[PDB]
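Below sits a lone chain in structure tokens, taken as the form deposited without this ligand.
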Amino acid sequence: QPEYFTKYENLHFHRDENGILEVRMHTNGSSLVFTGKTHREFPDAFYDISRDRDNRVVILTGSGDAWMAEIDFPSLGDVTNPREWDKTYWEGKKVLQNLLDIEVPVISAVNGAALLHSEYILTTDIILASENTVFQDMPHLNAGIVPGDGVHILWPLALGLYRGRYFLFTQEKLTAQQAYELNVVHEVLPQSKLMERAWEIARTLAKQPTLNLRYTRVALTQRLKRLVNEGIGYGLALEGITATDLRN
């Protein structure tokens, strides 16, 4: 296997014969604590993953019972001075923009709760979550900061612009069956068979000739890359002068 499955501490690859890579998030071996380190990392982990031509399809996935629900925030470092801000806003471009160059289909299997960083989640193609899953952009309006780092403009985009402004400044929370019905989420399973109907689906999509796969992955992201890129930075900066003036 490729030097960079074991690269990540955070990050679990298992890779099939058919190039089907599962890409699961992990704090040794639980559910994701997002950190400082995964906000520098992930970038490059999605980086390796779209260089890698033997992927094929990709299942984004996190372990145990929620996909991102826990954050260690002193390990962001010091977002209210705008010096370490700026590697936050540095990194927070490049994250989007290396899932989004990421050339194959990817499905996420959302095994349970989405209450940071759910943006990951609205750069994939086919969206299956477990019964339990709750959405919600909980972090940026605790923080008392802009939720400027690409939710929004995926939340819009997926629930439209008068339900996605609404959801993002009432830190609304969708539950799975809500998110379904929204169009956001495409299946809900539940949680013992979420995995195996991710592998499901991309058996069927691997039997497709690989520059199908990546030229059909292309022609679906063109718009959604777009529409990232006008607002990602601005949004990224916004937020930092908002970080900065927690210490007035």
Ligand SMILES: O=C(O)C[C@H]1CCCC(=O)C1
Contents of the next structure:
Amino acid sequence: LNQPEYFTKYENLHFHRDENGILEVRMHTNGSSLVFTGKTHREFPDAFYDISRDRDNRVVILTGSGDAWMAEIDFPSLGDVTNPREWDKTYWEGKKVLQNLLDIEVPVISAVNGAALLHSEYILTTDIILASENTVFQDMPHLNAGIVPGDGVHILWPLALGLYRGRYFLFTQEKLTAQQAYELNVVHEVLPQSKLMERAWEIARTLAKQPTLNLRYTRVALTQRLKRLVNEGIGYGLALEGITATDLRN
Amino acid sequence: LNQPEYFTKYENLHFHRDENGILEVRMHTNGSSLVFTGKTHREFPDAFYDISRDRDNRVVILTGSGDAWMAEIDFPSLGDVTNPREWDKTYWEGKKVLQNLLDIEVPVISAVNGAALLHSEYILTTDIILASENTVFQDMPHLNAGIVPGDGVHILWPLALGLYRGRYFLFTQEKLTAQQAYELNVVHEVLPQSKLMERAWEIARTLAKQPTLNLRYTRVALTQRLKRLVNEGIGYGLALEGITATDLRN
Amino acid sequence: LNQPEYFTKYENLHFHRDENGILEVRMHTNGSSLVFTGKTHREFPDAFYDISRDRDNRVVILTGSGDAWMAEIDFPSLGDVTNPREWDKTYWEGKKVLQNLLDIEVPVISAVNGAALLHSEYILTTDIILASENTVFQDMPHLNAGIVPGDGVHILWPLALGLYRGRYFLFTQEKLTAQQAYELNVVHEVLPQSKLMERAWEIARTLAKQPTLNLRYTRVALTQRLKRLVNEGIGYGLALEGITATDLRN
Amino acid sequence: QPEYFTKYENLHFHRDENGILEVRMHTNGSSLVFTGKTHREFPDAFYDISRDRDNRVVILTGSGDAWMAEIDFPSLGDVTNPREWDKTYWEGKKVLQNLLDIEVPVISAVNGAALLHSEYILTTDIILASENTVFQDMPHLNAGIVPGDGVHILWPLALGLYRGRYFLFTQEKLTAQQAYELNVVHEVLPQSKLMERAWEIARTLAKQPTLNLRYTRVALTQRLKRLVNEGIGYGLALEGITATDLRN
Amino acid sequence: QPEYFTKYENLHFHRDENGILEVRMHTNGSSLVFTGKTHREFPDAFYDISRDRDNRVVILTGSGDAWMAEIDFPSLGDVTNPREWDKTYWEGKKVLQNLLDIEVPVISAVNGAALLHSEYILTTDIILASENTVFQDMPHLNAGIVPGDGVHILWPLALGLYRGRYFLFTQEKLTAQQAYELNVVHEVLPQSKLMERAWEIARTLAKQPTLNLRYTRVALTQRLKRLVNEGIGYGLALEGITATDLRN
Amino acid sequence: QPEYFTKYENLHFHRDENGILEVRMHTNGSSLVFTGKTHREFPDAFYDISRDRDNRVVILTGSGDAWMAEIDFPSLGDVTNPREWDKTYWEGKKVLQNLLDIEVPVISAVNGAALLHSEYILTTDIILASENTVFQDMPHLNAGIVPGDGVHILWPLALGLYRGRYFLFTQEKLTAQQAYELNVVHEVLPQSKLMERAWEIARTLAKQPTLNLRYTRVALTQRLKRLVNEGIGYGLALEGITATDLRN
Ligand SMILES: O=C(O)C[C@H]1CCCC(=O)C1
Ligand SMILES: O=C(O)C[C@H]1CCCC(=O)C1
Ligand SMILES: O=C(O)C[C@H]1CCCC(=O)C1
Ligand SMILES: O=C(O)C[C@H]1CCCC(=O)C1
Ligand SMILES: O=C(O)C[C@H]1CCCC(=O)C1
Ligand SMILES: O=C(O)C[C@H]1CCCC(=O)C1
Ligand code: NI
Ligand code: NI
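Return the form deposited with this ligand bound of this protein as a structure block, the form deposited without this ligand having already been given.
Then the entire complex follows, led off by the chain already shown.
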């Protein structure tokens, strides 16, 4: 096929792009809802870089598969996080994944297709957030494991919910429904499961009518402050998280 | 009359100030709702500077005329925005208008008297925002023209609505009613059209009972962060906007 | 008793800590709701430093006594605030109280037991905010006295309510009920008076199950931006406030 | 010529066909005596300069043997009264904002002693000094008030945060040669050659396209503007409190 | 060896058993001619270097008598067209981000004239130069476009916000000795000894534990990264507008 | 005299009628051996100094022939255990915060080698050194851990972001004369004259009104405080990870 090589380079991402440069990127594990792994932690930064480098991507839709956006993780596959020499890989990849995802230089629409229980900081880099009615949001794994929620959730959830409710949400592992997230201005439209992707594409097609440089530079203008905020705290959060992972040996 | 010369220097601004130093500044075009022009883009920065320099202004009320705050623009009068040598004037004036409006050193009350479809970033520099029931807010012209919403809306709407709903609002050209804006904490009171100005003056009179230096330094204290945020992004937004205007020739 | 010496060092703070390292700190004046004084303005920074230094404090609950959190102040006891040589003490202590309260290195739960009419910026340093049904919030004293609300309220209320409603709230001395504050995401749970402290302890006990370093470093991660924002504006607010206090002599 | 060329009793203006504007501070043709009037009017003059797109390069200089070495202290008003200091405070924020907002390269031709208001020089892009020049923050610690008018930000930027604080706290005086070694002054010239050199540099710059002059100035002043904004109001409020304390 | 060692026609790679990687820029074995190709590929190369944990110290150098003194201007594409400049803009942000994100100490061995892209050198931790080296921002004011590609941030960081602006606005040339005195160059070596010294320094560093090399690099680049991020996109957008204006 | 004057086994305090406080670090009257105890107690001492409004100028110095050249490594506790390092981390943030929060001018009298904890000196306003003084970041790269305790921020501030990184990564040693040339040291004195000069400078300062001393210190440390706050916790967390890695 005439499509870019990177479209089929990632076992856990499906890519489809229309003639308008609207790219839908769908996370999956063997076609089912994603199980997050060491492999995805390593590869996703590269995938987001590849998407960002390709000037034929004019709008991006980021979504998951099945009835969850991301609700499963294969903890052992992440490597021995209690060993700082292994955590350093995770730390490096944690800084790159958000840098590279922010550096996508066109509007990014999240189509949140169900529970987002980990790695919801990805959603919080995107410009328009649509959620199916069954969606819930939670920072599940960190306080389950006893390690710092230091991978960007610590910056982006307090930006989303404000520095009061955002800290309550993280410290208590609060779960928000799609409707709550909508009232909290995180989700912008709540859709039936059967209509979520159609609506994402409809918004994308309207955006695609813009001149290319306008799509790109509006994205730049609207992400400057967000990038500064992420850069401020991402490395420190992930370093603190690494120390708490080490401490699990104590 | 004994009033300052600058009160009658601006064809598109009416000025009235009471014995308490409460200054009402009303935008108009021949007494009707304002039609924004190259002339206002050039003169408004000077008007806001003049207001800020005059220590007899103790509270400012900024409003429009008729049934719209600002809903019309004479696009050709702005000059050839696709020519960078002409856009540079617009760029320079775009940085000065927000700098000078923020540097008004007393509380500023917005009395939003109807549709605010362009230049709503002015409202988002002010301290107390009142709106008539017929008011709506939208960033109309930028994505209509295909150029970046880079004149301060890119900073101030995400500050107002948060960095999620704020980006949705700009990318989709969302229109908010006065009631929606009130629920979103942008508008602080929604008034009947017939009561808007009376309420602005009532709030102003309460404020005017404060010592002058308290009015001034409370304004300073409450605008430090806002000024930093505007300075961060205003020039870059307007430069990106200029490039997209040039690109319309392609 | 085996408890730390600092537990009984402060006439206006009662301390109680359980075997899980959950420390409840309760402000009082002779067992009644606190009357804020020059003495508390001077001592509270030391108390918060002492709490922060003690690694046996694993979660902190900060509360008041009786039916108000803080609703009274003995103005004369603050010293001659109109004399810059006296205000300088207040200025120095104003910077230290927020620095030291932020530097508590474990989650801090506010249990707001009634009206918080002054010094609510303390609450706005904490991570989880619970309020009894009778609670109200207001910046009462500053615009009553004619001096700048420059002690941290100018930073933290606009962070809590956004830079629009936050400035309206301060300039108009708005009073918010517990229910309003809950809708505004400042208060996270509204409790009957009889259940407030039980709920604070229940949340604390859940948190106390975390590893110690996770409690500490999650607090660090979630307060980096907050600390930067407070540092940006606290000294300038308090200096401006001092000038307005001097001006009361004019 | 523009009306503003003759609006300011303490500034002479001359502009050539290339858009090179020389702005010369003076008191009756002599070295400037700084006053309440200049404190109030200079922000307006710098704004007027910045608004005029026909200015393509700016040279800012003084008159006679000193760039600025004199001040009429009573003419600043009763600085010990916060209501009067507030004028000075507002004007002190505006002067640096408006000076930095000149949107073309600015050359300082420092024609002798700069003992006050040297922060103006530290907004400029190319700094030339005559061999007789000395730099000092004279007035603040002489009067017992904070050096809070931008010197507190820009001298530590120029000399680093170590020598910059020594310079301010001890009211150190720097010769032109020392300032050159410290990278503040870029060329040291004989008095009789200073202005010719300033104009030579300006002519070379003026050969650039106008947008390049403007946007190179913008690019090279972003960080500088942020740093001044961070500290200027706080420094001037603290200074005001120390001025009030002169009554005690 | 890694695949990326042979992916870049203008970069030679050699790595020893200690994880010391030497990256040498060249055009057919000679001193680099900078091109549209290098502008596009170098960001990828620096990313690839940064991803590879077997790199424990990096030495970045040029070939022949110059570090970088040549550029094929037409090969950069039609910079006066905003749609083409946008590629240069995106690549200009990525090159510095990816270079700064190399997570080990980086030694510059500057093997002669660095007349363009010297901002790469100003991301590195230890700067060595051969005695023949000169530094200049040559191309920008030659072409009439903003020096907006990071030189506008990093030269004023290196030389201070006074000499740094003089250096850019006048296209000043600095010898290796001047740059040494200005604390930009840390050791000046004969041409024939430069690379041996770079490798000696690298060997001493390589004795550190790997996490120490990595986290010392992180600690020492936090502020630097913030400063570059502040200004890089704005500088490159302004530069693009001046490139467009070359048509007028 | 205040109780805190005798609370610290490693600090001697002496204050004159002008409010000039000399704080001298020592171990049994000799040059300081830095310990876990000093790491824990110094933050409290600096807080106590800062709280006491009778301190109008502070001189911070060492004893004997060295300012700080010795450390009892085992006394710092088992730094390789994150639960123990956390104490060092918390204390490392507090020491610089509390030292910077001294609200009057601070004079460093550096009485010889400063081989560790030189970041304390880099919080002070006027830096004097005896001719025998040398500066180095000795311990971090000797132990294989990040120089993350503020040296990573303040040395690059002092020497610039180029020479500052060379100095840290190579554990460069600077003589008093070099440090003077680099604008870190402001006066170089014979050993026998150092303290007299410190007190002379302090006496001149002490003639200022108290609020002026305080608010000039505030004005001149705003930026410095921001820079330290930006990086101190991150540097100390990274350092802790490298300390843990010493087990591997
Ligand atoms: O995916 C990550 O961010 C790293 C994992 C490592 C294992 C425990 C977690 O939940 C986080
Ligand atoms: O008023 C402005 O900000 C400039 C105009 C220029 C023409 C197109 C627009 O809507 C914006
Ligand atoms: O408690 C304070 O912050 C200082 C007081 C001083 C007296 C007037 C006030 O309300 C504030
Ligand atoms: O010129 C100024 O900045 C104002 C004056 C204020 C009074 C004494 C001075 O030297 C400075
Ligand atoms: O190499 C670059 O950064 C791009 C070019 C753009 C055109 C002229 C130049 O010298 C710089
Ligand atoms: O004194 C310190 O900052 C702590 C120690 C930590 C262990 C080895 C060192 O040299 C630094
Ligand atoms: Ni912010
Ligand atoms: Ni800086």
